[PDB]
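Let's start with one chain on its own, the form deposited without this ligand, as structure tokens.
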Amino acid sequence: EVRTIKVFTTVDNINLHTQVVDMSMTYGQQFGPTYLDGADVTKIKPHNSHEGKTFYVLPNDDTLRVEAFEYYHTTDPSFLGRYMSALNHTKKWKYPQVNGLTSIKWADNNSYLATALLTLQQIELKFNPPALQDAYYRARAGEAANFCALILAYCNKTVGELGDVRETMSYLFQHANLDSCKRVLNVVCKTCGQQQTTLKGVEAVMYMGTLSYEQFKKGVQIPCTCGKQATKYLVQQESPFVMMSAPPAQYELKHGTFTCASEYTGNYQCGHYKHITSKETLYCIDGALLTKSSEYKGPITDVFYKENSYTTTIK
């Protein structure tokens, strides 16, 4: 016989689209790659247990091509599957409230996410893909599966993959409004004609090489091309935060001196991030785990500091 239920496809889960689907044929046969709340259903045949429901689909047509662009800000042919494949595990994670931040209960090596995520609920960033806008907001409200799958999709990391906090933040920064952000640097050797540079946007809020912000304020000897070693020093900073990164190295975090940091313990192959946040005292957040002390020595990779406006006084 002939049987057909009605369902809606969507790329953004806001704009729906009426379809009537033949209950013999798989969704793969009708819409192509299709997903139900993360589940690949391309090869399942429609249950009447599905009438009224929203499947995500690959952006096959132009209507879809434009909704997906406007919501996500990408045209990566693969973005959508990546986002559903990741959502299909993120939906099953636990996002506990830990000291009033949303964290993630450790699974599938999401250590780097929990710390990235905890960093966000802590610094002033505004996302440009409405997708992130929307998903972040639920995440703050402690509903974070979507935000997580979204980060996975924007980073081309699949659930399980080993990820790096720095690179992760590079990706989210790319999709965040930091135009007004402005860094001016100068690098002086003792006998050179000391060259200066100006950095704008993301390039202005990330530095790789030292954890210490005040250190960078005072000068950092760098592998320069002079006759001696040259000091790199920060001339001017315009931004709502800065991020200092560097390879994992034993470092001490002092209450009241930073906003937060990332500890990486292990090696390239095997290791674990943790997040330290400066509040009434030092709190160390490790997924669902919480500990406290007053001072913290340990192998740090990333330290973030609140900022707005800084002129150096060094001549």
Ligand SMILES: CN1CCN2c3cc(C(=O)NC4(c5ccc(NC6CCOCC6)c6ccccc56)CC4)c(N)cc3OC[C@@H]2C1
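Definition used throughout: the rigid core is the maximal C-alpha set that superposes within 1.5 Å between two forms. Numbering follows the first chain given and starts at 1. What changes on going to the form solved in complex with this ligand:
- Annotation: the position in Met208, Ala141, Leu162, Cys192 displaced by at least 2 Å at CA between these two forms, with the core superposed, corresponds to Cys192.
- Residue displacement note: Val235 has its CA displaced by under 2 Å between these two forms (rigid core superposed).
- In a rigid-core overlay of the protein, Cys224 has its C-alpha displaced by at least 2 Å between these two forms.
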Second form
2 protein chains.
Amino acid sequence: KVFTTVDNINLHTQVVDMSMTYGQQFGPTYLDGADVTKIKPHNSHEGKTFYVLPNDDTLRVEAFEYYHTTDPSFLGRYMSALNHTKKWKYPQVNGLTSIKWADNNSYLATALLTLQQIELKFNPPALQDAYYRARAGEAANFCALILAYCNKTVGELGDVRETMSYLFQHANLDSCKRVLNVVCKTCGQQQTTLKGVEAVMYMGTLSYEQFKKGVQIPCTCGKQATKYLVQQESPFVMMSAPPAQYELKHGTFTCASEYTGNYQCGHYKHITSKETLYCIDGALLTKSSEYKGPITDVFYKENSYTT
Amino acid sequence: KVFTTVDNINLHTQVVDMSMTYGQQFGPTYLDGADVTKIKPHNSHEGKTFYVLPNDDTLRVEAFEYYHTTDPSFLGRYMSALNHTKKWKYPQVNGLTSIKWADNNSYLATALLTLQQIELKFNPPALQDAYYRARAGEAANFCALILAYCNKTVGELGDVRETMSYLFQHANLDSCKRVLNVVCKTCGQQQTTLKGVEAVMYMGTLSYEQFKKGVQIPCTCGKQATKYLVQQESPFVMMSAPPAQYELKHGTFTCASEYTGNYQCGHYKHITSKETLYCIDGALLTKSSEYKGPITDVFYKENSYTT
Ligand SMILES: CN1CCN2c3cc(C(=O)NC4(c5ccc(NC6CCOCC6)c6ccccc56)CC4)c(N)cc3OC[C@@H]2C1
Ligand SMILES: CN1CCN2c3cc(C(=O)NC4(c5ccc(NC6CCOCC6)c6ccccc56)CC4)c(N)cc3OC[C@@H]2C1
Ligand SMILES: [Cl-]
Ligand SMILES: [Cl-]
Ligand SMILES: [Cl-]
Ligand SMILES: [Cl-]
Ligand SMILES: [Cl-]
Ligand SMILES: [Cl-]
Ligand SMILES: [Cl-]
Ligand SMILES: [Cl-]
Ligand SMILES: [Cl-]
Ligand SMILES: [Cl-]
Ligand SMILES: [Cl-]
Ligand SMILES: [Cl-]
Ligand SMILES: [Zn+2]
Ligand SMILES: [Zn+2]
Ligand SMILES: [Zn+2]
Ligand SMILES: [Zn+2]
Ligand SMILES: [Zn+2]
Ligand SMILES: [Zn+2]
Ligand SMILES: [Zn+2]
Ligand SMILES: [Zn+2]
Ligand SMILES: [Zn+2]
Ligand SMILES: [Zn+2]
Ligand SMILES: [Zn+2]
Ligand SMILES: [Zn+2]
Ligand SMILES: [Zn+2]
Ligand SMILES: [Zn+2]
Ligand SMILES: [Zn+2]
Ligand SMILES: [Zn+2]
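Return the form solved in complex with this ligand of this protein as a structure block, the form deposited without this ligand having already been given.
And the full complex, kicking off with our chain again.
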């Protein structure tokens, strides 16, 4: 005798035949992340709640309302990550929820720390609820959700900028706006405008001040141009560039991705400017005044910048 | 001035404009595994050969002839694994090509060692050529191919039995045949027959002798039955079962998968019966007479067994 859900908000009452297994009466069934499909209902977990897959239209609508997918694989990939992430340790590091290193989760830690430091509202209630609970220190469900929403499995190598990009795509960034302009000696002037995720991300450089002062592109014409920002209305910007030695000076950035190693065969650290510089490497904490090292993402805080 | 290929057998001669980059004249282009799409043709690699994606019908047929896919992602996922696997070390361990531990490749090592010990003919010439060359000690291309053919990326956690199953599906196993029979007290007797991959794999048990003496299934009727083998015509069989403590006795099996840890969060070792028992753990070698430990796959050698 059990409860089933797809969202864990709405609970459905089900009495489970006690020699039938779970994946036969309900269908794919789970318990705290464990595939319990092939298991018989034992006296131990009577009265507990089980995630199931949406098998009538009520459950289907509930799953969309909460996760904003109709992907039948979604729930299974989420249960499969939770089974691991719930076994990770999430230590508080300088008042941030971090992740002790496991299962190549270095990039998740760096994402998780960044997310606590930028102002982000998630569209799927499931991401939002799990984000709140992660900020409070219970970040297993959030991490398992990040893996599901990015189509990563536990252990897969990950890109912090790519993870962010996908997460930003599930966040309300509608009020975000970027007015670019490119100087074309031949074609002239031509004012691109970007809203959403595209108004918050750039991949040419780390320095927000260098963006403001014009970055190089090759104009339609062929040879090089300069591409500078005219208006940046957003709560933050994320500047990225392939990893390189870079001086992070204290007080001029919110936080940064440090990455050491080859493309994919490498390890991310998080660097964040508080009253001094903090290197957060999973459960480990380093504190320094200046910092030179290989950075690939820097986060900046905005309101409404105009050129 | 370069050569392009998709197979590396057929070489196409191309002269490459020397201020245009590669991914503009050809398309997605590669060099020894490196995405060279965004790179200009430098004097260093003139006269070398580049993998490209199939962009006319000649290249398309050549790619199928060699790899047996028409999947446009195939070649890119392969180049992306090669870039890593070519950096792995492949030490000879007791006359077998093994892999020094990197990038969670424990399951690949165990597959690679097993593959050198069972009799397997691959259908895609690319797998066959790279298998020969791996048996000789140059196993980077084979491993990168295994990752591509299984849709694994480098670092992903892997299942040795699942990898084998997919590889078997690209091998000639047409002469393989399994005649089962199930004892149903109510329904009666009923002689299943299996050919191909399905005639070589079983997931209930490790002991081939226990298979021969009948394994438990629940007959259509509901309650339990016994399912035993009547004819096993194949060069080998692979017996698998979820990991458990198990005594491998020397001389009664070809090789075995040892796995320690949780579902997915674990580490594979290879155990192989030569003149004594060898534990091969990547580049490391242990030798013992008996062996108790957590086994999940055992390989056996056959000709044409009849009950
Ligand atoms: C489709 N995606 C793309 C790859 N992606 C991925 C990337 C990474 C990764 O490493 N991403 C970084 C990176 C490292 C190195 C680069 N280029 C070097 C070339 C010359 O040397 C210095 C820089 C980069 C050049 C462009 C952009 C990112 C570069 C650290 C930021 C990783 N860890 C896991 C990953 O999972 C799979 C996922 C699948
Ligand atoms: C779709 N596939 C399925 C999972 N799959 C995978 C499995 C593994 C893995 O671990 N596979 C083993 C395994 C371990 C443990 C099991 N069950 C325990 C339950 C009770 O405790 C003892 C046994 C098993 C029960 C059935 C079958 C295999 C079991 C060692 C053999 C792994 N490393 C990476 C993987 O990548 C992704 C890939 C995606
Ligand atoms: Cl949506
Ligand atoms: Cl969304
Ligand atoms: Cl590498
Ligand atoms: Cl590595
Ligand atoms: Cl200060
Ligand atoms: Cl300071
Ligand atoms: Cl084919
Ligand atoms: Cl094939
Ligand atoms: Cl685990
Ligand atoms: Cl682990
Ligand atoms: Cl002997
Ligand atoms: Cl012996
Ligand atoms: Zn309901
Ligand atoms: Zn949505
Ligand atoms: Zn979505
Ligand atoms: Zn785990
Ligand atoms: Zn890592
Ligand atoms: Zn122009
Ligand atoms: Zn200061
Ligand atoms: Zn570290
Ligand atoms: Zn040709
Ligand atoms: Zn084929
Ligand atoms: Zn295929
Ligand atoms: Zn690598
Ligand atoms: Zn491993
Ligand atoms: Zn029956
Ligand atoms: Zn002996
Ligand atoms: Zn080991």
